[PDB]
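2 protein chains.
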Amino acid sequence: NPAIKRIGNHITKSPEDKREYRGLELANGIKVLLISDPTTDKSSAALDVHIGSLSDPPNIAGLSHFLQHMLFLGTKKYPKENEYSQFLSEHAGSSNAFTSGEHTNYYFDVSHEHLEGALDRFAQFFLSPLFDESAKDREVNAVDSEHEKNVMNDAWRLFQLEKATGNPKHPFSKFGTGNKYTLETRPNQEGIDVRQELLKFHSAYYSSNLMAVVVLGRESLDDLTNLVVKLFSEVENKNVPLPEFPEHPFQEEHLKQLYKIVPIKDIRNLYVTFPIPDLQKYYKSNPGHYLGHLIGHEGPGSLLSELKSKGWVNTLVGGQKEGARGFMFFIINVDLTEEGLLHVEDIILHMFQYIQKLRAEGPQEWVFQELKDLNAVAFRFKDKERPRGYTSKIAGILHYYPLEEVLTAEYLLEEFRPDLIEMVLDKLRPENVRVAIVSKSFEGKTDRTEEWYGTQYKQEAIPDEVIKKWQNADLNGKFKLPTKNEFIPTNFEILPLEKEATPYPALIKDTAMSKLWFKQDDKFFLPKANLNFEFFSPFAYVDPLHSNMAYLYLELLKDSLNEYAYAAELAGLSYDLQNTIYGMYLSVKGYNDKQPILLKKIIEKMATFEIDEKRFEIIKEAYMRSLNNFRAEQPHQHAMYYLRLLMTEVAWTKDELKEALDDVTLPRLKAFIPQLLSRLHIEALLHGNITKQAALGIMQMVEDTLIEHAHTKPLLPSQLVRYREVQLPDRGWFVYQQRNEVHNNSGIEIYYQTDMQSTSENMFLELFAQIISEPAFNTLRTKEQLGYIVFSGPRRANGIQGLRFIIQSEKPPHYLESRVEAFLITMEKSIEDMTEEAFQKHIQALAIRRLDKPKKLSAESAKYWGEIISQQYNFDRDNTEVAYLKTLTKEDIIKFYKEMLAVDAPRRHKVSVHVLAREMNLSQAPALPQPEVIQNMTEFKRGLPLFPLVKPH
Amino acid sequence: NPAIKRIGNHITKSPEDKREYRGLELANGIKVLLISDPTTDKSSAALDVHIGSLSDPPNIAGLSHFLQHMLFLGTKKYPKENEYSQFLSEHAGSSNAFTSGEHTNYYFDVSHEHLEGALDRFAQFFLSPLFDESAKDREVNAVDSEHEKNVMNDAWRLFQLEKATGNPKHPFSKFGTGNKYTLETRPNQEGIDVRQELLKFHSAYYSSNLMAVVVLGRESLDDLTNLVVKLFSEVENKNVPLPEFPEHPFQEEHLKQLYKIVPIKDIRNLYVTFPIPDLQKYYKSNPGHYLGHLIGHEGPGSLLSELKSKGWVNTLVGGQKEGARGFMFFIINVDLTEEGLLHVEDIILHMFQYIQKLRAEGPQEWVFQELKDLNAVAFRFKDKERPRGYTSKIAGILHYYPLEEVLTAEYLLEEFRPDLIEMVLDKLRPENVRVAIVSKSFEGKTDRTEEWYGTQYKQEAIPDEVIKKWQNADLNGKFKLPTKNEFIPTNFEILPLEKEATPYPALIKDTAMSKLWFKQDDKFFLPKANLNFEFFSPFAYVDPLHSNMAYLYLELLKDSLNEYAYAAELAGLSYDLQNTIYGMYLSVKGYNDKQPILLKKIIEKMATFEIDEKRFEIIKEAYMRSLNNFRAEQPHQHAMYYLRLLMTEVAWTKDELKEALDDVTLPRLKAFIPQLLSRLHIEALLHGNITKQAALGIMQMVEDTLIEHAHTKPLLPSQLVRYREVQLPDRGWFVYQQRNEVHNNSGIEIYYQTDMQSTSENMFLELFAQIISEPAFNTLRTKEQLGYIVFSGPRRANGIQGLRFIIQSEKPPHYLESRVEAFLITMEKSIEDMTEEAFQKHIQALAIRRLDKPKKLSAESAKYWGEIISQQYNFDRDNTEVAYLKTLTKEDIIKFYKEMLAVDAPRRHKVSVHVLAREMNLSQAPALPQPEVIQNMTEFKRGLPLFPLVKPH
Ligand SMILES: [Zn+2]
Ligand SMILES: [Zn+2]
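Those protein sequences? They're chains A and B, same order as listed.
Sequence positions in the first sequence follow full-length UniProt numbering and run 44 to 963, 979 to 1011.
Sequence positions in the second sequence follow full-length UniProt numbering and run 44 to 963, 979 to 1011.
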């Protein structure tokens, strides 16, 4: 075969991975991985191009990002603007893309029987895009919206600020995302045809070298091979030299700098950065990882431990940070306490003291050994990935590793390289450093402004005597290297499947204190378990005060055993502990071998907890800011939040919690804990590599610890209350209005309440949602360009359901309402006009979606956990509901729409949340009734019935 | 309701379709569609019975066909033989029926007011047919006559020859029409009684489970439902199983066969046939339509293109052909060049080469998607069909599609199935082929004759060595898939109706070169336009040589323009270009979006045309043949032809044209075109979704591009002569006599010239025509059985008019002549004794007929285009004429009759054309004068005056 330059030799894989693999290089230079999985419900492909933002013309910022958006909007072979989304939607598929500095990456998935149909329209993106003049004009608004979204985000401003602070001559300084000014306004002044610039960039850069493609489907490796050469062999090779950036954007005048930055949120952060060369070629030894593991450690003797005891820092992340081909960073970033802010200089000294300890001790082979062994274990027993993310990730890394190593490359490490470790370590020095402090105490004290986000900052040379001081950092005896990690699992035997083994979780314990659901794993066979525990107490949410305490208690508890839990987390054994509106949730995930030890330590510490006063005072302050910082979340997030508050029987607002926070007192918390724990009920799902007796033992141990240390007794059955959704009246419409003080966009959520969850009502909503799914996106975004964020879909809460719309835009909420209303009429009409096939396609699509099998334990566990926490206990819901769905008729969906959804529906139940921006041809919209505006959340709830609660099976 | 088994309310229809639909399944098994159109002037109904000639008793060919004729002739509820035809005639209605292999379809229309009366008389066809004994003896001759007109027609002989060459045991071999021998002579000899047989067949097969019914009217869906049930639920259900023909009439020994066949006309054709399975069940992917689209394609890279370039072929038809439940055909038919005839083996090689190309590429999804989307817009913007044809057609398809899917079913493709396409393509192989060659060069070299038509042929096995060469057909670089079609309409915006917009076309330009009529569509609102142009030049018809050249010129233009325009018409944009007696004629119709492009290209090529010598010689020999092939046209067609020749001032006969054809020469033609183009007037009608300024813009383009490329200057007003009619003398009778050399049947035209067209003279003539219409058919055909073809009505040429009778018959024309004379006398009494109420019935019937409103844009255009080409411009004609009609009395019509038409009218002007056959109680006929016998057409024209020409209203 002439279309193929070579066929790689094995692909090395996990011995647990039953998927089959072939690597290739096409004649035109495209690198390909083929994944055959005869099991898979969905198929996918990804194509990564080794070109991104850094290659934008200095002329037209964000052109690569704009091009990425445009490829979806039409091709020569498939010229319909939305041919691609629509095809995917009707065959159970999804798509997305992102562009970074050096890559632009495109992925989709689809029902396994439509790989080729999908792949054909996909390939066309890279052969002959239209860049339609009219689509270009509309879509420019979508990216402007991406950018608006981002302007008031601290992560994004910091991201761009770093760039605007190194060498301006350097591609690194570029604005990646782009906007209206950048992509339309500017280029129109200056007289640029942008459709031609899009066409030019595509031809210049979308070359077949520089491209890597990955395809996963049920077809054989041979069938997959033939499919790929036919579709991709005809992408033109233009031999484009791969861009390189040998010179660091941080030159000498950029080092030894201090930036003082004012954030949007009330946060207190310190960023420490060292320029380093590109360590990527050293992937087999990975010096940066070794140094990241150490600087980053959180166990006894670590940097964070001491910085925490001094009460300066709560949180630390350090390690290798990516740059581009030719440059990298090493970072040590930290959050700050009120004290910590006044001791930055000391903090950085402690940082250099730890680095000195590393130099003094020399590189440690046993540490490398441990890192290497963990990775080997992680690679073996790795969970099966969802096809979509898997093809996207492999497409990216196909540009860095030989075909044969793509799967292992960034897991397995082989070489101990003291010289490299020591070379990188030699760049982590006080000369050669950059410091950034993010605090609101810099309001008014700044002299500089960032062009693209508006970030306000000041810039100073770090005084030579300060550098000198850090250079003379001596050994601090509080800093020790970590100990042998004792949580490393050593037992991976999969216990045989029991005789009494069951396809779904079984109630194996039903006492007054405990309800234990159990299932031994019958499909994945990795040595892992998930242990889920819901703890009920009326005292966790009784009032705003108690809610606060429940939160602090668990934050304080997690903080206290962080040092101990860190070791376990590196050993692939983690936990999750958070308060809920019913009490607490605890989940332990990972290798089953040492789970009992971790769990026991957690429960022992729960029932025995001794609050340190200093930790209490610090965490309280952080929580105060956390509550305040909601003021700064996105308008669409506000809308969702207000609806939740508005539709739930009891729910405490953030202003309520905040007010109550001052009354939270150390004595009072010491009192709350034993009260919380005196009466509970525990419902649990134990699922994975465990036997019934092990499971029963685990439950009992949890119970027995709690009884022994906290004198826990059972809760009455009538105390196990669940909350209800408010019942909206036939033909009613309520509007709640609020202002977002930070963002210059509006948010809206529209909720059409339908009825209680039930097989029939579930599928009516679900199928209608499916039919309008891509049309909503296509109408409200692609055509009308209302905002970047446009969502429709089902809403499920408290056993009740409905249809929702969520939009964020610069257009007012009253206007958004009318456009969604206009859209609903267009939908009734198109359901009428569509053929019985079109209808039957959407049924089949919803079917494939609902019946998609879990690929990993956690995914299965989540399904079951959903059944348990909602008390519906419907483990076979998918077969039942899908069976019933195929029964449905184009006729059934129209009466449902007319009964519940249409503007003049007898049983329409509308509520809207309008969240105003911070300072406030197309189809025909219907006339709307005058809404009743909600003045007061409590009164609104008081004046309406509450729904029943859904019945168990 | 117990009379209705199932009721489905949805029929998926087009978004623009204003009519309303309800599907039904009756208790007796009848599938029903009702169409409610409150606006129609004509209601209609149809019934399709799923039984045809393929179910005829082996010993009585043509029974089903015969039975179809008989059902018109009387019923129990209505025993008067012509009650049905008369009723429809007196209420502006018309009826007809056809019999096919597995279908018998009956349909009528009538004044919307009289649906129930007509439907009732119609329902009876299916309850209590008389099958009158004496009616049966007469109507056999009608059938025999129908077969007789077919005997010498090449298409029918071929049709039956295919049947004669497959399995004789298969019901496919049956002769479907029947004749005197079949349905009378053989059965009497064999002892059969056919009335009994008609009755057995009717009762055995005319069962309700085998019937579909369609009713269209103004009445609501609910009234229509009651009406159909009242009249059709009483049809007995005999629970008849549907015939099934799973075995193919072509078996292994009927393949690899070659047939050499002698035509009647001088025609050279090649028929290639592949037997295939019934593909009907795959209607939603339509594999045969996909493969037909490609093999049948005419654009660059197609099979046709290569074949045409070798100078072997002119036209090509490809694709699937129906057979019956259980079997189908795939065909590739081509006409032949003198060279082509010598190169049949190579032509077929190329066919298989093209098929090979498709195998090697595999199913092309973009092609299918393109077809899908074209159908989607085709269906969206389809013209409103005439009720009669619409009911009939739908009645047919209700047998194949669920009630809800009928309107869309023959229109919308749904899923692309590459696997079926490959299943069908796999049948298109040399081992599976039949080949037929039709040419005069087999005259006297054949040894077989076909029973029913007498077709002369020879049959040979195709040598295995020839088969084996076709199997090895390799790839040919001349063949490619089509290009993406760039005529696909994109823009369907219906422009707002202008302030200065007129009900009728307005004269918006009046240059010495251009007279432009314009009207913006004010009633249909579809994104289409009709662009009509007449170009006047004296040089188009100055002499036979110049007629010939004008013809050849436009034929050659279209030939060269074909590759370009094929894609255009695939996309609902087409044109029509032909020489007229005056100058020439161009029409561009379809979606208006790309009309200017095509139109401009046509006028450009027109004015810039450079002839291909090979193309010239080929089209010339085809035109030579076509010219003398008129020898083989029907006697009644000869009749009409000579009348035209005799009655019009200047007219070239085909003998004159054929003779002058030899002097047409490449240089002479090259010289003719600029001479033709140099001086022109242009009259145009631009009607549709178009704007006054845009119309002006279109004319301008047309003129500009003529002026720029052909130096076209205006004609003089006195040059713009239209032709006049010969003026017959009072009491004169002339007979022109000729014989048909091919058909053993005679034809006749009788013309009673009255006077110049004028409101009164038009309405006298067309009211009399109305009154005598039905009686003429009943008397001369149904009663007297003179022949299958019996016609009467108005005749309009060159502004003059009169009454015509056309008859084709076994009888001599001198006899035919007295019988229409006899008829005219008994029409005199019939009107004399006609009741005053009956008279208004006819007046009302004419009224509704003339005042009936257009349903398509093109129907409206044609009505205006009529007024323009005839230079009358009476755009509100029907109102003024119908208003005058109502003034008319019995006395007035009688007065018009004895003065103009009666045997002894002082102003009777009679011409008779008698076409003799190849080899040549009752009301009494009147004594006739000796006619003057026309020896010479020129002598006759010269001895008579010429009428004036009509004044432009
Ligand atoms: Zn984006
Ligand atoms: Zn017939």
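Please keep in mind that the hints were generated in silico from the structure rather than gathered at the bench.
Hints are not guaranteed to be accurate.
To be verified - List of simulated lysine-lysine pairs, BS3-like, C-alpha gap at most 30 Å:
#1 A:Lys120 with B:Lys61
#2 B:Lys501 with B:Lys566
#3 B:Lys217 with A:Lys119
#4 A:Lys872 with B:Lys48
#5 B:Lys644 with A:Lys120
#6 A:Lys826 with B:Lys120
#7 A:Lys470 with A:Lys527
#8 B:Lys637 with A:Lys933
#9 B:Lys364 with B:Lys542
#10 B:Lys601 with B:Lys542
#11 A:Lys119 with B:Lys501
#12 A:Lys872 with A:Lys192
#13 A:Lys120 with B:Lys217
#14 B:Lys324 with A:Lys933
#15 B:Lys61 with A:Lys941
#16 A:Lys470 with A:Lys552
#17 B:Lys217 with B:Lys299
#18 B:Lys644 with B:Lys906
#19 B:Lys735 with B:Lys542
Unchecked claim - Quick look at which bits of chain B chain A covers, simulated, 3 or more residues with Cβ under 8 Å:
#20 352–364
#21 445–455
Stated by the list, open to error - Taking CB as the label site, the calculated pair distances span:
#22 A:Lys906 with B:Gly405: 56 to 66 Å
#23 A:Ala549 with B:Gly405: 23 to 33 Å
#24 B:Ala902 with A:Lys223: 49 to 59 Å
#25 B:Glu295 with A:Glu804: 38 to 48 Å
#26 A:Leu1007 with B:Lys281: 42 to 52 Å
All C-beta atoms, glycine included, are put in the ideal place defined by N, C-alpha and C.
Hint check results:
no., hint, result
1, A:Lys120 with B:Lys61, "34 Å, violated"
2, B:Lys501 with B:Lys566, "58 Å, violated"
3, B:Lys217 with A:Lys119, "51 Å, violated"
4, A:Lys872 with B:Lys48, "29 Å, holds"
5, B:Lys644 with A:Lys120, "25 Å, holds"
6, A:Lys826 with B:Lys120, "62 Å, violated"
7, A:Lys470 with A:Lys527, "27 Å, holds"
8, B:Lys637 with A:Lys933, "37 Å, violated"
9, B:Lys364 with B:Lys542, "51 Å, violated"
10, B:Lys601 with B:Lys542, "39 Å, violated"
11, A:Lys119 with B:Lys501, "51 Å, violated"
12, A:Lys872 with A:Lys192, "34 Å, violated"
13, A:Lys120 with B:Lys217, "48 Å, violated"
14, B:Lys324 with A:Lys933, "22 Å, holds"
15, B:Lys61 with A:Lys941, "22 Å, holds"
16, A:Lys470 with A:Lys552, "59 Å, violated"
17, B:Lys217 with B:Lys299, "23 Å, holds"
18, B:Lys644 with B:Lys906, "28 Å, holds"
19, B:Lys735 with B:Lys542, "11 Å, holds"
20, 352–364, "violated (count 0)"
21, 445–455, "holds (count 5)"
22, A:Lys906 with B:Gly405: 56 to 66 Å, "40 Å, violated"
23, A:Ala549 with B:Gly405: 23 to 33 Å, "51 Å, violated"
24, B:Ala902 with A:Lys223: 49 to 59 Å, "51 Å, holds"
25, B:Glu295 with A:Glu804: 38 to 48 Å, "60 Å, violated"
26, A:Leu1007 with B:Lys281: 42 to 52 Å, "60 Å, violated"
Of the numbered hints given earlier, the model fails hints 1, 2, 3, 6, 8, 9, 10, 11, 12, 13, 16, 20, 22, 23, 25, 26; all others are met.
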